[PDB]
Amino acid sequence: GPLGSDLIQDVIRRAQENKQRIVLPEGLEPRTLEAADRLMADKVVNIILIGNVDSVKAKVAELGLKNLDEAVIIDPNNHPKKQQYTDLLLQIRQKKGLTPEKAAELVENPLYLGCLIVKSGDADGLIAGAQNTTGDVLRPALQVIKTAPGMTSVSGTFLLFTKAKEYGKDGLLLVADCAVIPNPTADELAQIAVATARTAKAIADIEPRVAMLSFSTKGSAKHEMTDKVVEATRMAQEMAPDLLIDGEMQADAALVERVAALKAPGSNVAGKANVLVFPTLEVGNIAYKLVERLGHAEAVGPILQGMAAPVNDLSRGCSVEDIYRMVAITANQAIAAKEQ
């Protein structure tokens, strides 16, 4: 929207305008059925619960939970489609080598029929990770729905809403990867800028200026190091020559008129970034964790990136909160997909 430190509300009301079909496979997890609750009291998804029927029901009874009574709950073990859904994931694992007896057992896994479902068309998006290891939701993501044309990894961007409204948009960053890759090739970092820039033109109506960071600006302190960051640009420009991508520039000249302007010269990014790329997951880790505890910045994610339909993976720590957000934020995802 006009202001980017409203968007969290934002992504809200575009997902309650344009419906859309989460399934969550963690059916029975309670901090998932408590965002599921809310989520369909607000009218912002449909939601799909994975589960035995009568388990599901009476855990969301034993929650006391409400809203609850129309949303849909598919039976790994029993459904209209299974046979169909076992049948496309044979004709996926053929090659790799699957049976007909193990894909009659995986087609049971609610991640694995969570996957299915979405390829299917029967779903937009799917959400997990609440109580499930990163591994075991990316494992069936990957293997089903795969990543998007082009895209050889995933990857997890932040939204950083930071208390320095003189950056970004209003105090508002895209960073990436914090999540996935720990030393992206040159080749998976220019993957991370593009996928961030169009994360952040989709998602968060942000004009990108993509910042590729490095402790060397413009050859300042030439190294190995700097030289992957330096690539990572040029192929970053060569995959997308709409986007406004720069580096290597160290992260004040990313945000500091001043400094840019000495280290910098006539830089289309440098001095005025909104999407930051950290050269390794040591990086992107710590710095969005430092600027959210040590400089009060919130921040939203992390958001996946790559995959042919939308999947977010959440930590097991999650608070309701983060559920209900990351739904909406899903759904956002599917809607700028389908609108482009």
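Numbering follows the first chain given and starts at 1. Between two forms, the rigid core is defined as the largest C-alpha subset superposing within 1.5 Å. First, how it differs from the form deposited in another entry.
- Just one of the listed positions, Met307, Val60, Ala287, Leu281, moves its Cα by at least 2 Å between the two forms when the rigid core is held fixed, and it is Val60.
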The other form holds:
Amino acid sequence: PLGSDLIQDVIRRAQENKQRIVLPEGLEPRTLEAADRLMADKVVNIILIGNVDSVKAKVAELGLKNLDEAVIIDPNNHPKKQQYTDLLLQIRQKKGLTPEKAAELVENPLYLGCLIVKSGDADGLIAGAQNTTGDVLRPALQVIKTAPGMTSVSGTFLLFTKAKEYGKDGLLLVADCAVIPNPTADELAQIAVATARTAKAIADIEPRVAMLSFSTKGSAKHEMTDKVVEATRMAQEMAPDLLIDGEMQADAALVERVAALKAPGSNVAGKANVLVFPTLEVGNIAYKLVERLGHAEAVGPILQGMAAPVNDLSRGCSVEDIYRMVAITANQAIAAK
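What about the form deposited in another entry, after the form deposited in one PDB entry?
Left out here are the partners and the other molecules; the chain alone remains.
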């Protein structure tokens, strides 16, 4: 119930600017059920990957009545197979892919799905109900690649807290909580800019980005603090339109009275709604403790920094969670154009 209002807004913005979303796991029942609801509610235009007769059989078997307009693409046989094979070789031959092996890969639903998006025949992709994170992300990084002026992808969570005096009515975006173990200064700056733009695209927030540390504005100098200082500088340079400040402690980021004392004349401190963590140790631990010990609702991870949005579901994701992640993906696609 925390963040059902925001998710309702995300669904509506998807509905108002309809994106084409590829679901490579076209025989997975949770995926198909979610696809049926998304098409009933006209949230997105669905593309399912699988043998056409098998997918249609499974749709009829699950009693789904809203998928007649879904496009179904058999990776073994479809009119753009050679085109996508040629595109794949163009992207990946140099990197050791033979035409022999390109012909195999193009028949793998995850690779095919990424090539559909990359070609401009779709706007985004969701998988991972029946694949590992790595098998989803790898083709996405190889084929779709990163957005202009970015070399790294990262994972953000929407963190809907019960503390409505922080963030946007209790919501903060937090990153990187899933992908990069130990970002360099450069990576951390890219995380900062990416998360701010996700904040704008998904949460309709005016981002104020806190680059977190155990130091605030030189209070605790150390090797680990220097990286966050450099990251802050480089983020500010990469994006002069965005409010980004650091290094600061979490209390300076969130609490006006502490901001006044330790970070005076920051335009972020005391008002942060985006938190950038210096390592995955920090991010992975911190968001889970806020989720459990704070009773916060965490939505994600949401992958950011891709030229076109790919998201990765968990293997235990509900129908409603798949629906939700597709709606988010559509919003990321709108932002990417």
